[PDB]
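Peer 1: Model the full assembly from the supplied sequences, consistent with the hints where possible.
There are 4 protein chains.
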Amino acid sequence: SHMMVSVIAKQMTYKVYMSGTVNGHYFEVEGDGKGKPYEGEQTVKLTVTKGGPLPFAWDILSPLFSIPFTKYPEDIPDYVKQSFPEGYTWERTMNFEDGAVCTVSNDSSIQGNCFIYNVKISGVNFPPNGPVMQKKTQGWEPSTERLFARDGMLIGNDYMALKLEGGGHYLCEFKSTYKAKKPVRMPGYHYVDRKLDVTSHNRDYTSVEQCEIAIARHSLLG
Amino acid sequence: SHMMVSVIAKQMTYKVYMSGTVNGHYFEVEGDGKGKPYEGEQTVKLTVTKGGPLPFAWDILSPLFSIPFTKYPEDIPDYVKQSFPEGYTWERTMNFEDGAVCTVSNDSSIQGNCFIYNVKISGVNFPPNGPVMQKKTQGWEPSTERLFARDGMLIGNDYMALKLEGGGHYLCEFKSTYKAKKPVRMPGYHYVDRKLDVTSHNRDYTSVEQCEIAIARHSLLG
Amino acid sequence: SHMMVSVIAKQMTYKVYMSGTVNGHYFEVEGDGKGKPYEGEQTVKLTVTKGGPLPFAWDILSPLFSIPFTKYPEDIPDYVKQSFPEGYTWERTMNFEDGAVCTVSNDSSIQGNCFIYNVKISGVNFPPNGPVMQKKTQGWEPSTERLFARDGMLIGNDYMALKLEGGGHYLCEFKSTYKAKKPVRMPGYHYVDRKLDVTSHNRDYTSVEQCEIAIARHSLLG
Amino acid sequence: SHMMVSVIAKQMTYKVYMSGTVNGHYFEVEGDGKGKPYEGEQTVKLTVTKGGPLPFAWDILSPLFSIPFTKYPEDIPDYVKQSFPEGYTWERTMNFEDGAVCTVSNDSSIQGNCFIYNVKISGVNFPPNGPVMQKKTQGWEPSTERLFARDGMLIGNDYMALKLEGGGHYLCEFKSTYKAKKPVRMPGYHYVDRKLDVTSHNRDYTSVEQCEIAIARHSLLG
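Protein chains in written order, with the authors' numbering: chain A, -2 to 62, 66 to 222; chain B, -2 to 62, 66 to 222; chain A', -2 to 62, 66 to 222; chain B', -2 to 62, 66 to 222. A prime marks a further copy of an entry chain.
No lab work stands behind these hints: they were computed from the structure. Do not take every clue at face value.
Note that identical chains are pooled: a pair holds if it fits in a single copy or bridges any two copies.
Calculated cross-link-like contacts (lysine-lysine; reagent style DSS-like; alpha-carbon spacing at most 25 Å) [as the list claims (entries may be wrong)]:
| no. | residue 1 | residue 2 |
| --- | --- | --- |
| 1 | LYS135 | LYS31 |
| 2 | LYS163 | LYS175 |
| 3 | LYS181 | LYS47 |
| 4 | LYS135 | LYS33 |
Peer 2: And the structure:
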């Protein structure tokens, strides 16, 4: 009784296009990714095409490179997958504890076996001797995103933690808004457990590979 | 597993004394609890001693009434349980989406097989037609606190939500600091799942019963 | 055509009562003050009656010790003064940049020549080696409060700056809500320039004297 | 007074190029300005080059179109004016009360008696029935930025407000970082008063004229 949608194959690839500006530095990143949407497992190779090498931590960009690769159980409506073939948009604001702010905008369509993601990031007020600019980050902690529906949109908040060179953590608030381009069956209050890891990286992070697992769940208690 | 500690029984009680001002209204509340600390289970009966009946939704008080009762797996250092016999303190900020703010301090100490909790709460800028002042809230969704160690303190953040009448959600944002009165072993980044329900109540919530499950865990994906 | 109100003499005294808790430390402060309401000049002697000596900076409490001592020009309605003889309430939230939060609640009545102020403060999550707890503060900078009316209330935001031992500043956001206990003539968008200085202080800040000047104005341009 | 500087005339011009995405809508805007830098006076005519007409209130763009044109008294070190001939950069966060966020970066350089400004803006989570998306805003109230020196950067915060149709105010909160490309003399805690008006506009705001006064000052009370 767990139902797949005919536009999303059990194995799909995607292409990501990303322009951005962080502390006034402009950069373009391109990426090819592949995974199993209904199993919530994905991987993507990223090439920095313009503005490399990047003067900030890679870890601030990693969470902007693929939402349809979430495992939804049979009793929870998959808002994102239901939106295809037309697609979805999302906007995101990331708030770090040293005062830095990022705004993100993403549009997503499909072209046969392939997802197209366009993504812009604008990041400002990054402490010049902070972990992001001194590249003292060491990958994300596994997160749980709270999600609910409001005005036919899907809101998501996530308290995240960048691991720091020399132990300790650098905190960040995620607030996500997902807008389907087509009326879909809205889900209730639910959670997405996520783990993102950077798997391979050359020395100047101009060529990076990362893998994500994304599982949607109910309350684990009751 | 659960690394049991000789000072805290498998079956314990607690006495909670709470005083507080919300929207200028002063109130005092006393309570008697009981639970299985190494299993993360507990009920508690409250009585509003002074300022009953209360002009705000019981639900804004519900999460200030018992942290020892948290099932920690043996591979996670149990910060609060090591803090005893001496005791611990915690401070909290409860920031609601409609501009309400609450500040909470607590002082915990043990007496045989009885826990002692003193807790003061200050709450302001609660909209007079909002859900809390109009008493239209219907209890807390299950949540997942993110705790980590910093300067010998345990820092938790959680993105909460009050269920509302006629569907919908009233978003709250919790930020807690836990401070043991005695050097203890620090835990790594880890999570606590919680479900908290008002089981019984009189007609003006001057007598209330609540029950809490609370289980520590690692990432469900790694 | 600048109009005084018969309940507020050109010279008035006041009495302040303040209970509070900061980083879990309880304290009571009492104060006698005197000034010229229509000239916006005041002074008050503060005695710490309980919980002294205080383990935190004095400068976090100073801005909670007298609003009717503001100079309003003839063309701007004085919301606060118009509320007497019955009085006003106000709630305040102070947000420091090291993450600390304070909530404040104040009720104000009049008794002949004398204003009575009751004030509670709850302050939490103050970094233990931050300027407030290490007492590295050196008085407030002069502030301008933006003020406007909403729902027959007066909202006030102020970006403030504590001066630091060794130069540099420790920032704080003020958000104030004033509620008259009686319908008054609402004012428009306007500014209150304020300067608070601590004038005298014994060595343990158990006996402190401070003076404030508070001037309400229009836009200085146009 | 005004400590004049040989690189910046008493009468100067500027060319502003702006690109930006607000609510996923991409737009480009070019402009020609002129003003009396040591008097703090300037007009500028804008033309929307790409993405005209704009689906949001002009007023959210109005404050991203010229910091050299600020009357500094001789007793205040004029951070931006010392930064030239090289140039300066600034980053800004514009946080609105209804959850909207904008991020802005700018790069400034001089060319004879012409200033060059490049400015990108990212804006997200703008409510579709809110005042900006419904174009019900009617220009900015006069404001007062609070600037101070930190790690060789100038940090300004200001509490702003957009005038609304049918009375009322739509609150915004500005946080700017100013960074000169060349060691300059740092100013003390000081204030900037500003008034900014849309003087003229076509019917779809694809041609707009704005005028700005901007005067630095010490505390008006000390």
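Peer 1: Evaluate each hint against the coordinates.
Peer 2: Hints, one by one, checked against the model:
{"no.": "1", "hint": "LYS135 / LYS31", "in the structure": "neither (28 Å within a copy, 42 Å between copies)"}
{"no.": "2", "hint": "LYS163 / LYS175", "in the structure": "both (20 Å within a copy, 19 Å between copies)"}
{"no.": "3", "hint": "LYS181 / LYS47", "in the structure": "between (31 Å within a copy, 23 Å between copies)"}
{"no.": "4", "hint": "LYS135 / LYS33", "in the structure": "neither (32 Å within a copy, 43 Å between copies)"}
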